[PDB]
Structure formats: C-alpha cells, structure tokens
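**Student:** Spelled out from the first residue to the last, the chains are:
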Amino acid sequence: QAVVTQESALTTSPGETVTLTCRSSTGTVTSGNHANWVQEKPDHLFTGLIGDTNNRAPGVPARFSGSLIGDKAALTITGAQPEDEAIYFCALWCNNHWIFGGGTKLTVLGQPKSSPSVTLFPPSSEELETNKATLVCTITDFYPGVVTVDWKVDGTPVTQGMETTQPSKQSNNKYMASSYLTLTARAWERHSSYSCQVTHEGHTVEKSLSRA
Amino acid sequence: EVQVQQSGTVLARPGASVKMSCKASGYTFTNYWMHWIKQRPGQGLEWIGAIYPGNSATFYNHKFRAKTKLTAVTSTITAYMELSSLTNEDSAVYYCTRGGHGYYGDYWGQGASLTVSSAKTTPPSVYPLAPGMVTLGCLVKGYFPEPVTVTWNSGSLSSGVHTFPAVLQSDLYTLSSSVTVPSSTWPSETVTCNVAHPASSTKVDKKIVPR
Ligand SMILES: C[C@@H]1O[C@@H](O)[C@H](O)[C@H](O)[C@H]1O[C@H]1O[C@H](CO)[C@@H](O)[C@H](O[C@H]2O[C@H](C)[C@H](O)C[C@H]2O)[C@@H]1O[C@H]1O[C@H](CO)[C@H](O)[C@H](O[C@@H]2O[C@@H](C)[C@H](O[C@H]3O[C@H](CO)[C@@H](O)[C@H](O)[C@@H]3O[C@H]3O[C@H](CO)[C@H](O)[C@H](O)[C@H]3O)[C@@H](O)[C@H]2O)[C@H]1O
Numbered sequence: 001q002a003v004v005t006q007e008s009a010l011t012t013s014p015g016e017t018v019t020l021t022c023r024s025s026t027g028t029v030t031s032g033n034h035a036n037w038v039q040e041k042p043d044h045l046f047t048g049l050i051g052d053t054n055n056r057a058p059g060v061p062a063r064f065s066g067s068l069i070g071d072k073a074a075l076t077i078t079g080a081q082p083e084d085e086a087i088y089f090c091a092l093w094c095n096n097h098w099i100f101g102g103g104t105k106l107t108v109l110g111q112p113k114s115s116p117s118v119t120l121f122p123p124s125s126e127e128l129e130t131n132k133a134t135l136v137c138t139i140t141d142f143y144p145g146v147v148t149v150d151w152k153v154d155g156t157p158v159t160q161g162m163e164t165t166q167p168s169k170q171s172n173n174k175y176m177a178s179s180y181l182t183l184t185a186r187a188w189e190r191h192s193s194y195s196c197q198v199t200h201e202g203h204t205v206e207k208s209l210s211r212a
Numbered sequence: 251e252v253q254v255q256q257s258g259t260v261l262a263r264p265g266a267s268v269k270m271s272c273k274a275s276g277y278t279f280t281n282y283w284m285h286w287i288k289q290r291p292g293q294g295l296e297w298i299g300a301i302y303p304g305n306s307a308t309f310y311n312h313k314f315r316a317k318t319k320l321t322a323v324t325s326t327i328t329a330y331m332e333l334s335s336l337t338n339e340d341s342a343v344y345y346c347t348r349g350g351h352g353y354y355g356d357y358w359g360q361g362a363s364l365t366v367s368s369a370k371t372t373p374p375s376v377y378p379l380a381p382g390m391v392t393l394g395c396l397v398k399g400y401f402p403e404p405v406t407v408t409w410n411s412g413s414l415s416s417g418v419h420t421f422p423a424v425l426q427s428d429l430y431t432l433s434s435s436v437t438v439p440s441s442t443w444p445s446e447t448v449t450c451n452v453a454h455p456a457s458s459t460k461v462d463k464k465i466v467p468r
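Residue numbers (PDB author numbering), protein chains in the order written: chain L, 1 to 212; chain H, 251 to 382, 390 to 468.
Think of the hints as simulated: they come from the structure by calculation, not from any bench.
Treat the hints with care, since some could be wrong.
Pulled from the structure, derived: some chain H residues nowhere near chain L, Cβ distances all over 12 Å [unchecked claim]:
#  : residue
1  : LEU261
2  : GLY265
3  : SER306
4  : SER325
5  : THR326
6  : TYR330
7  : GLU339
8  : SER341
9  : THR365
10 : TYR377
11 : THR392
12 : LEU414
13 : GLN426
14 : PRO444
15 : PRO455
16 : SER458
Simulated crosslink set (DSS-like; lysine-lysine; CA at most 25 Å straight-line) [unchecked claim]:
#  : chain 1 : residue 1 : chain 2 : residue 2
17 : H       : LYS460    : H       : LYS370
18 : L       : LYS169    : L       : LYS207
19 : H       : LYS319    : H       : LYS273
20 : L       : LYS41     : H       : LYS463
21 : H       : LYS269    : H       : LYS319
22 : L       : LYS132    : H       : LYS370
23 : L       : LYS132    : H       : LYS463
24 : L       : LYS174    : L       : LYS105
25 : H       : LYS464    : L       : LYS132
26 : L       : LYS132    : H       : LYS460
27 : L       : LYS132    : L       : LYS207
28 : H       : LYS269    : H       : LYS313
Stretches of chain L that chain H covers, calculated by requiring three or more beta carbons in the stretch to come under 8 Å of a beta carbon on chain H [what the hints assert, rightly or not]:
#  : segment
29 : 8-22
30 : 34-40
31 : 192-202
Yeah, the Cβ is synthetic: ideal placement off N, Cα and C, and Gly gets one too.
Extracted from the complex, chain L is given alone in its bound form:
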C-alpha cells in the first residue's frame, strides 16, 4: 500500500538541533497512523524511541520528541549528543500493517571528518592457480561513515562481479568497508588497468594497478 519515505542521511554537530521527517504516499500522516520512531545502533541493538506519534518510550532522553509537522511525522533531537549517531526508522500503522521507512543514517560529528585509506591488492599467485582472480579494495578510517565504491577495468565501468560491504564502525569510531572484484584468471589476463574508486564527501580517492 503506502510507501513511507525518510531522508536517507543527515549530519549535525553536538549541541545542535536536527529534525527527521516521515511521510506517506497516501497523503498526510494522522494521529491514527500512530507514528513510531526506533533507533538502531551497531550490532543489532534496537531501542524504541517514540510511540503513538509523541510518547517517549521508557528511559528515553527528553531531548528526543515526536510531533506531526503538518502533513508529516517528525522526530526532533534538541541538542544532539555524539551517542545519537545511529539509524532511525519510522513506521506508520496503515491498513492494519506497520509500514517502515527506509531509515535515516544520522551522523552527529563527534570527531573531525576523516578521508578513507584505500588499499588495492592484486590476486595472489596461489589463487590465480585455481583459475580465479579476486581484487580486494580495503577502505578504512573514514568519517562520516558513508562512502560509494566504483570499479573500472581499462576505464570501462564495472557493474558485474563486485560485492561491497556495508560500513562497519571501527573501535576508534571511524568506519571501514571492503569491496571485491572477482574474475576468472582468463578475464584477468585480458585487461591491464584495474581501479577501485572511492568517493567520500564529494571527493574521490582512486587506487589503480596494472596486470604486470
């Protein structure tokens, strides 16, 4: 039925106020849609935040409030704290189903931004023996934890045969991710330049190698 739409990512600093919205393809969100907000922190730790449009769940800080702002449901964090960096999902009770938004990733800048360290490794000889070739791109130490990864083989965009992981928080609270380009040894042998291109905060970092 409805599609519930949330911002995909927002950034703020400690002590600032940020508002997240949740809207429906049926038109306005009403009180009868009982908007709920929940928080997901790393390792599948979920906390109920807001229920029934505006009730804080037990033990939730006062800085979190829910309201309907016009046609939309909203979550306002007054005086955001570094620990509020998390993903926030709203859900709407519509037609006897709870329908979820896609989640907003909120960054609350707890430390300076950090650009990625990108390392590209070629296939090992022992794997080339099995007739397979995986190139590994590791991307660490970036903050905000949002990155896009692109592969090119002799300049042509690759959009077949690559897997990238979701950004994981490192213990120092920056983020890491890896991407794999897997090819047959034969196909590896047909191309010279391989590049892993990582864009973070409007700037691309690129690492390239040549088969030779």
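Please build the complex by placing chain H with the ligand on the supplied structure of chain L, with the hints as guidance.
**Tutor:** This is chain H with the ligand only, laid out in the frame that chain L set:
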C-alpha cells in the same frame, strides 16, 4: 527490568520449517502485544505480524500469511513464530518486540539469525595479500557456515587490524582482514594471519611473503 529473550542462530535448508521463540521478563505478558520484525541485510525492516497473548488475537502482514504462524504460551510466557517452506529469501535476522497501544516495539529482543542454504560445510581457502607503513591482508575465501576468526601472529598483532564483514559469493562466504605495520618492520618481522573455521575444525596459518 523488562527483557525479551530470543532463541539463537538457525541454519536451515530450502523447503524446511523452523520455530523461533521469545520469552518475556519484567512485565505482564498478557497485557502486551508481541510483534515479529524481519531485517534482511539491505532490504530494511518488514513487519511480519503480532499476537496478543491475553486472547491470542493476531494481525499478519498479508505478505507473510502463507509463511508464518504465530502462537504464544501464556504459562511459559513464550511467543513462537513458525516459518514454513523456507527459501533463500527468508535468510534474515528476526526480532520480537513488545507492543502496546499505538506502538509495536519499545523493548526489542536481540535478534535471531536464520540462514537458509543448500550449502555443505566448506573450509576456507586462505590467500596472502602482499603489496609487493605497509598494509598486508589475508583473504578467507569460500567457507560455510559462519564464522571464521582471524588473528595476526597468534594475537600479538592487535593494533591496526581490520577484519571486514563476510560477503556471500555464490553460497559461500568471503571475508578479509588487514594489518598495517611500519615499513621497517616487514619483511624483517614475519607477519602471519591465523584463520580458524570451527565448523570444519580448520586452523591455517599463512605467512605474508613479499611479492
Ligand atoms: C484486536 C484486539 O482484541 C483484544 O485482544 C484486545 O481488546 C486488544 O486491545 C485489541 O487491540 C486493538 O485495540 C486496541 C485499542 O484499545 C489497540 O491498542 C490495538 O492496537 C495496537 O496493536 C496493534 C497490533 C497495532 O500495533 C496498533 C496498536 O495501537 C488494536 O487496534 C486495532 O484493532 C482495533 C479493533 O477494534 C481497531 O481497528 C484499531 O484501529 C485504530 O482505530 C481506527 C479507527 C484507526 O483508523 C483511522 O485512521 C486511519 C489513518 O488516518 C484512517 O485510514 C481510518 O479511516 C481511520 O480514520 C478515522 O479518522 C480519519 C481522520 O484522522 C477519518 O475521519 C476517518 O474517516 C476515520 O475513520 C486506526 O488507524 C487505528 O488507530 C486497530 O489499530
């Protein structure tokens, strides 16, 4: 305080059925709803349905009415969810949550992972990743099931280690781990990654050699 205790990890084959459970602590089970939520790797959250244990009223998502059967045992303060005819698409983490009037989940369980696979237990192939500070890595390719552990030099190299989440390539997992060390240190000081895969009792050490 309130606690929602979930059953553990499940591995099932296509066509099977599994029963998951959630046990309540810290409140009157019969006055609250138990909801079940599916989180698929990057498919967001989906609501499966909810049961009111006081009188076993249920609400189901239409999409899951053929897949799920919800029950609760009021003496045992346990809700169950049975999933039949498992396909690969049912692989997900499932949560049970406590709901009430106007909400579905103020307290959440910890999640139960379900993997539906046709694969057999397979040990990793471990490949060293040399360039030629320096970053070295190991690729742990083609293992089933999860997990594998990776240490570097039997645990002595603990700083500057990154082990990434596994991706699924075909029906086998691949993960890698990297360690960054001062350039003076290697190759003088040997660096070795140690990979253990308990399900196939595999333990393999791979020394990183300059290329
Ligand atoms: C079924 C169960 O039976 C026993 O076990 C026990 O008595 C339980 O308590 C009982 O549970 C129902 O009743 C509880 C109320 O005491 C309620 O807390 C339960 O809901 C909770 O649990 C479920 C699983 C969800 O997680 C939501 C939780 O809140 C549960 O409620 C559900 O079942 C009852 C059955 O009587 C109702 O159907 C209830 O619906 C609510 O009321 C209706 C009227 C709301 O619909 C309005 O809003 C919609 C969105 O705007 C709109 O599309 C509808 O048309 C309707 O709109 C009305 O206002 C509009 C302007 O806002 C228009 O004017 C329109 O013309 C009006 O009709 C619905 O959204 C719910 O809020 C249902 O949730």
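**Student:** Against the earlier hints, flag every one the structure doesn't satisfy and list their numbers going up.
**Tutor:** Structure breaks hints 10, 11, 13, 20, 29 and 31.
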